[PDB]
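Using the hints, position chain B with the ligands against chain A.
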Amino acid sequence: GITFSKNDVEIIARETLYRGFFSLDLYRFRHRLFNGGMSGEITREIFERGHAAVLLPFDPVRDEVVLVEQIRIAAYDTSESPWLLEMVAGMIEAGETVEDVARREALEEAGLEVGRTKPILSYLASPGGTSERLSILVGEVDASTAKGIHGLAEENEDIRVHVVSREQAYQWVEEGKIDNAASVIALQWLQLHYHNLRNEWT
Amino acid sequence: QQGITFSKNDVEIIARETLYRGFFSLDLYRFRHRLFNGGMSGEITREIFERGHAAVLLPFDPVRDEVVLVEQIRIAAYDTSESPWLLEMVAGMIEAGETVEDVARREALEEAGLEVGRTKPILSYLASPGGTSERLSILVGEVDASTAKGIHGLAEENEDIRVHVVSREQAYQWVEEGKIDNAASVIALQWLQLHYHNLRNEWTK
Ligand SMILES: Nc1ncnc2c1ncn2[C@@H]1O[C@H](COP(=O)(O)OP(=O)(O)O)[C@@H](O)[C@H]1O
Ligand SMILES: Nc1ncnc2c1ncn2[C@@H]1O[C@H](COP(=O)(O)OP(=O)(O)O)[C@@H](O)[C@H]1O
Ligand SMILES: [Mg+2]
Ligand SMILES: [Mg+2]
Ligand SMILES: [Mg+2]
Ligand SMILES: [Mg+2]
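Just so you know, the protein sequences line up as chains A and B, in that order. Counting from 1, position 56 in the first sequence corresponds to residue 71 in the authors' numbering; the numbering is continuous, with no gaps. Counting from 1, position 3 in the second sequence corresponds to residue 16 in the authors' numbering; the numbering is continuous, with no gaps.
It should be emphasised that the hints constitute simulated quantities derived from the structure, not laboratory data. Mixed in with the good hints there might be a few duds.
[Unchecked claim] Pairs of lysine-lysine, DSS-like flavour, derived with a Cα cap of 27 Å:
(1) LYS192/A with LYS21/B
(2) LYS21/A with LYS133/B
(3) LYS162/B with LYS21/A
(4) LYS162/A with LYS21/B
(5) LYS133/B with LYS192/B
(6) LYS133/A with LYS192/B
(7) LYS192/A with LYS162/A
(8) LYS133/B with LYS192/A
Chain A on its own, in the form it takes in the complex:
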């Protein structure tokens, strides 16, 4: 496994490069080198946007997945359309739990009540340049109750629910029709775990 711990790095300072809705910070630090020495002072620009809870809504009776569609303007330059098919997800505020955020977002974004839950995994989105961590849960849902247009319109959140079979959702990953990290990770996990999960929940 890994070689060094937090005993082996010192963050000297952090400087706010930009403060707005999100922040960009310059971390200044030194760290041990694999050759046995210490680095000089290194600086890295880090996008600070908090952390997220992600919910894979899975109906184990029907073997169906609920997806939410909404515009993500950052996708525009590299994608055929900025409207993406994604997992229910939202930002975790101070003092909130991953699971409470997932439930609230499932109601706001898909009109869905959630039953049992299990962790999938918690990942760093792109740790060379952002601190963001996203914690994914699978949540038991009745996909027949998932339909229509949701999102908080007063916060400019316009979301369309789509229900697909599990195998259909995974085919959409393999074809590139679903191509955001949270959904790819959740759906590849589901393809590796669905047999045991369906047995546990039925």
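For chain B with the ligands alone, coordinates are given in the frame of chain A:
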């Protein structure tokens, strides 16, 4: 089942503004877009972290069923991880005019000392598209893991990298346990866990 509802015809990007430029940039996108229930939104603004795009290489030895991992410090992991040194895939920024495959092969040499034989695409994904434009394109690359050792990276760029070789099964168990928890490695190793049997047959023929 149809799929997505709207296209680039259905959004108007009114303006982009660079709010910060250094090594990376933070841009403000200003736009309006079609709504599912009919009309057009008002003007919306979003802050978008712009850092270009990346090529990622999963180094897989199909003879030995082994993967090569690279270890380096990622200081952004500090606040939410036990250690900021992460076990990762070979990966590099794509510059103008260079292909995913060109970058993946070059970085495999610079970061791990690895010659790569055949390659195949895995997936191309958006890292976190609510706040960053970054797209990463993953290939799997054929390597001899018995050649993989030592300390690499470009010292002139303060890039200090240690090579590790483990079985595919160990790498995947480390994903399950949270010891590998960066998106590119999670996606690549979950793909490998779903596809390794056919891949080994293809590459040892
Ligand atoms: N990139 C951004 N720039 C500015 N505001 C944002 C950005 N991303 C999200 N917001 C604000 O936060 C709200 C919720 O964000 P949303 O993207 O729906 O949650 P998540 O990204 O966790 O799924 C948005 O309606 C918007 O007001
Ligand atoms: N967040 C950052 N802030 C400042 N410089 C960076 C940052 N991330 C990477 N760099 C610089 O750019 C180089 C890019 O190396 P490369 O292997 O192409 O990218 P990655 O860090 O994504 O694997 C790093 O070795 C470092 O010198
Ligand atoms: Mg959301
Ligand atoms: Mg929301
Ligand atoms: Mg790299
Ligand atoms: Mg490199």
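These are the hints, each one checked on the structure:
1. With a C-alpha separation of about 15 Å, the suggested pairing of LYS192/A with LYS21/B holds against the 27 Å cut-off.
2. For the suggested pair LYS21/A and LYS133/B, the alpha carbons sit about 37 Å apart, so the restraint of at most 27 Å is broken.
3. For a cut-off of 27 Å, the pair hint linking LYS162/B to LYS21/A stands: about 24 Å separates their Cα positions.
4. Distance hint between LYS162/A and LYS21/B is fulfilled; the C-alpha atoms sit about 24 Å from each other, no more than 27 Å.
5. Taking the CA atoms of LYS133/B and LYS192/B, the gap is about 26 Å. The hint holds against a cut of 27 Å.
6. For the suggested pair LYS133/A and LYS192/B, the alpha carbons sit about 19 Å apart, so the restraint of at most 27 Å is met.
7. For a cut-off of 27 Å, the pair hint linking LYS192/A to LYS162/A stands: about 20 Å separates their Cα positions.
8. The hinted pair formed by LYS133/B and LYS192/A meets the criterion: a straight-line CA distance of about 19 Å does not exceed 27 Å.
In summary, the one numbered hint that this structure violates is 2.
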